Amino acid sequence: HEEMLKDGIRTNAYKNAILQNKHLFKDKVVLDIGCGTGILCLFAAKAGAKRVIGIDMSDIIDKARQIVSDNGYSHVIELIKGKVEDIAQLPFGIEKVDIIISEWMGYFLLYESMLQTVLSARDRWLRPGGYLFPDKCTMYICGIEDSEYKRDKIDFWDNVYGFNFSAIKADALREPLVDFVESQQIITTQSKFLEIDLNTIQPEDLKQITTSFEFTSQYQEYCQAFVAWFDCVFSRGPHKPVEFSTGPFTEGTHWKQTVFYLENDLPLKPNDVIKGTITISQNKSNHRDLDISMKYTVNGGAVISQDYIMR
C-alpha cells in the first residue's frame, strides 16, 4: 500500500536537495534508510553517487530492485531487506558512509518516526562531518477556531441516538487528530517550540522532551484547539538551503497537521498572551505510543492542563 503514496511537496524537496548538488554527491557512498520503491536512491545515483545502499522491508525491496534495474542503476544501487538493528554490517565490506538519506519525520514529527533508527545508523556508519538529508526540523504551534468540527465530532458523543457515549468523548479529547486545517482558522500568532538537529542530537535527549511555546491572540474568539506542524530543512550539504513545510499555509503533505482539542474552549481577546509548556515522551505501557502533556496560562492566569496520548 505505501508503495503507491504520492507526496509531491515531499519528493520535490528531496529531489532538489540531491539533484541540485551533484558536486556534493559525486563519488560519495550514500545510505538510504526506509527507501521504499527507491526514488531517492535513483536521485542519488543520478546525482553521481558511486554507491547507494537502500534498506527497507522484504516485499517493497523486491519491487524497488526491479525499478532500479529498469532504470539502469543496479551497478550503483544495492538494496537490502530488514531492520537497521538486525543488519550486522553493510554490504561489500563498507564500514562508513558519507551521506544518510532518510524520511525520519513521523506524524507530529515524533509519533512513529524513524528518528531512533536514523540516529543509530548515524552513530554506526556516518563519517565525521557526513551529511544527513534532511537534518533539521522545527515545530510550530498556534491556536485555531474549530467549533464546527468539535460540535460535530466530539460533543456528538454526549447523545448517540439517545444514548450516553460520554466515555468515548474523553478518548476523543485525549487523541490528537492528524488532519488538515485551513489556515483561515488560525486565530493566534505562530510559535516555534521545538528543533531537532540530527547533526548533534543524541538518543538520550529524546527520552523526555521539555519545551515551551508562546503566542498572542489576534481576535475575540473561542479557541477549541491548538494545531501543530513541522518545517524541514536540508541545511548542511546543499549549496542553497532546501526546505519544505507541513503547515496549513502551503500545499498539503501526507503528514497533514496535528490538532490538539482543548477540554474546555479558551475565551480569547485580542492581544491575550498564551504561554505554555509541552512535554513529550514515549508511553511506558506501549512504547509505540506518544505521551504529550500541555500546560498553559493566559495573561498569567490559572494553569490549564491537558494530557494526550497519540495511538
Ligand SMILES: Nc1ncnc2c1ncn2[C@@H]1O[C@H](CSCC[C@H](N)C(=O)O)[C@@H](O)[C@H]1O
Second form
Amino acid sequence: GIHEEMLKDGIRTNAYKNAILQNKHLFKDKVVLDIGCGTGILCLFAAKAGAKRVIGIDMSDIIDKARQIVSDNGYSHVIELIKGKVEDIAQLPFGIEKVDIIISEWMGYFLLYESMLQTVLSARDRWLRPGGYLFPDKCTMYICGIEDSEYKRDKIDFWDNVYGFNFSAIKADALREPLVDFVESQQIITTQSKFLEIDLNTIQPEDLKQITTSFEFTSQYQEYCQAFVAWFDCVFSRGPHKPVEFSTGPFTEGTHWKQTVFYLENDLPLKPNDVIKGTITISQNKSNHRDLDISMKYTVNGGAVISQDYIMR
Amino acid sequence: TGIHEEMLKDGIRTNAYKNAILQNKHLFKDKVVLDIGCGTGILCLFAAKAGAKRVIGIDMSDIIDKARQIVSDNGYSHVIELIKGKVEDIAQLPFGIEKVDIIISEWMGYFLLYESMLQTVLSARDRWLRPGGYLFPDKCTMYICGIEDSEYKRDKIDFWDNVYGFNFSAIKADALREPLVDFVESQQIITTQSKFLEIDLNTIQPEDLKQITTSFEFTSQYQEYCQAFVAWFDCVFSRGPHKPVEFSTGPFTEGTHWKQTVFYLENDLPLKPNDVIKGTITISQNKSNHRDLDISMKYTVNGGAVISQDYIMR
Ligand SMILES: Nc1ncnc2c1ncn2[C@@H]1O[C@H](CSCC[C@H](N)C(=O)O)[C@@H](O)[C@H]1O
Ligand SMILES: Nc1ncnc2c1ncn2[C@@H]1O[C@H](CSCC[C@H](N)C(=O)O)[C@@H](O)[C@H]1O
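The form deposited with the named molecule bound is what I need now, so please give it after the form deposited without the named molecule.
So here's everything in the complex, that chain up top.
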C-alpha cells in the first residue's frame, strides 16, 4: 500500500525523476545504490540514466515484485536487488565495497519521524566513496503559526462532550499528538521561521541523538493562534547542474507528507508585530525508540515562557 | 486510541447504539449488561444511563485505563466495572456473576466480516447470555449491486501499465485481488440491489462461519459499462427495542467509518437494461493468514458463460 502512495506522489517522484534523468552524463557508468528501493522505480531511473551497476536494498517482500518489474523493463542485467535490512547486509554483492551515488526515499512525517535518516548515514559511512553524491542531500524545516479554530474545537475540544458525556480525561493525549494533515495558505497568520537544516554530506549520526534549535516569527494580525505548522523542503543540491527541489509546505501543491500541526493548549491572542520566539528540541522517545519526542518552549514578546510537549506515536 | 476517535466521530453508528439503548430505559433498567470491546466505555455509559443495575466492560487494550477515569468522571463507578483482557481469556465475570441479560458489542468489521469480532461475541453469548437474552445489535444483512466506475478503475488499476515511462503491469494482478474499502456515490449504481447474506447472532453457530456459501442476483437498469461491484451491510437492533433501530453502511445514506467495499471486475461488463447478473459468492478464512478474507465470485450475465474472480482482503 505504501508504494502506490509513493508513486502517486507526483511532486515527490518527479523531483527524484528530474534530478536523475536530467543528468545522464553524471550518472553514466556510475555505480548507484538505492536504499529502500521498493518497486525499484528509482533503480529504474538510475539505470535509464546510464548507471552501469545499480543495487537496491529493501526489507519487505516487495523485493519480489520489483525483480519482475525490472526484468519486464529489461534491466535485470544492470539492477541487482537484495532482500533485507541494510544493517544485516554482510557485503554488497559481487565484492563491491564502494559506490559512487546513494539514492534514498528516507524522509518521514515531520521529516524525522519513522525516517530512514539513521540508515542512510550508515550506508554513507560504509560505502560512499569520498566525494560521492546523495539524492537528496539537504533538508530545511520551517514553522509558522496558524488560525485553526474550527479544527481545534473538533479534534481537541471535542472530548469535553461526547454524546452528552464528559471525556476530558483524553484531552491531554489529544493535545500531545501532532496532527498530520493539510493546511491552507490562508490560515497562516505569521512569517515563516527556518528552524532546522540537515546536510547529509556532513551531518554525523551522533548529532541526531538530541536536536536543539529555535525559531522566530512575527504575527501580522490581531488574531487568536491555535497551532503551529511545520514542514520540510528538499534539495538535490550536489550532482545536478541546476538544483532540483520540491516542498512539503502549504504554498505549493501537496505531497503525501502533508504538514505537521502542533496544537497549543491555550490559544495565543496575537496582535500585529508580536514576536514569537522559541526553542524546539527533538529526540527519539526513551521507551519506544521508534517514537518521536518533540518539546517546545516559547514566549510572545519576551514574555512568560509557555511550554508544551509532544509525542509522535 | 486513533481507533476510538474514529469510532466516536462516526455519528450514524454511535447514535444507532445511543438510540437502541436510551430509547428503551424500561427494558434496560435493573438489567445486568455486558459490553464486548468496551473501548472508552461510551456504550457502558449509555447502558448505565439507561438504568442498568450492573454493567461490565471487557477490552484487551490499555485504553481500559482511560475508560476507568471516564466512568469515575461521569459518576458511574458503582454501576460499571471494567476488565482488561481478551474475552476468550476471562476465567469468570466479576462478582460471582455467571449470566447477563444483555450483550452490547461493536463487532462489525469491514465488509462486515473482515477482522470482525463476531466469533468473540458468539463465545460471550454462549458463555454468559441467559436464555432469551438480547444482543445489541443482533441481525446484519449484506447487499450488493453493480456500478459504473471507469475513472477510478483507470486510476487504481490501469495506472500500473505505465508509471513514469516504465511498465509496472506486474503489480496489476494483485491490484485487482484487493477489494477497495472506500465511498462510492449512489449516482454510480446502475443495477438493482441484491441481498446476499443475513446473519442472526441469536442463532448462528460459529462453525457456520468458517465457510459461507451464498448467491446474488441483480438487474441492470441502464445501457452502461460496469467496472466493479459494491457490497455493504446493514445492522438491526431487532429484539429489545419496541420500534426497531437500524443504520446502514450503503451509499444511499450518510457515510459511516466502514465506507463500502468495492470489487473491481477484470473485464468490464457492457450492460443493457434488464440484463440479469446472477452468481455465487463464497467467503472463507484465508489458508495462510487466518485473519485474511478469501472472497470468491462466479456469476453470469443473462445465464451466459461463467465469469469467475477471486479476492483476498489482507
Ligand atoms: N532499514 C532498512 N533496510 C532495508 N530497507 C528498508 C529499511 N527501512 C525501510 N526500508 C524500505 O524502504 C522503503 C521506503 S518506501 C520508498 C521506496 C522507493 N525508494 C520509492 O521511492 O518508491 C520501504 O519499502 C521499506 O521496505
Ligand atoms: N478479543 C477481544 N477481547 C477483548 N476486547 C477486544 C477483543 N477484540 C477486540 N477488542 C476491543 O474491541 C474494541 C472494538 S472498538 C469499539 C469500542 C466501543 N464499543 C465503541 O463502540 O466505541 C477495541 O477497543 C478492542 O480493543
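Numbering follows the first chain given and starts at 1. Basically, rigid core = biggest C-alpha set you can superpose within 1.5 Å across the two forms. Only residues modelled in both forms are compared.
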task = Go ahead and list the segments of at least 3 residues in a row whose C-alphas all shift 2 Å or more between these two forms, with the rigid core as the reference fit.
result = 1-5
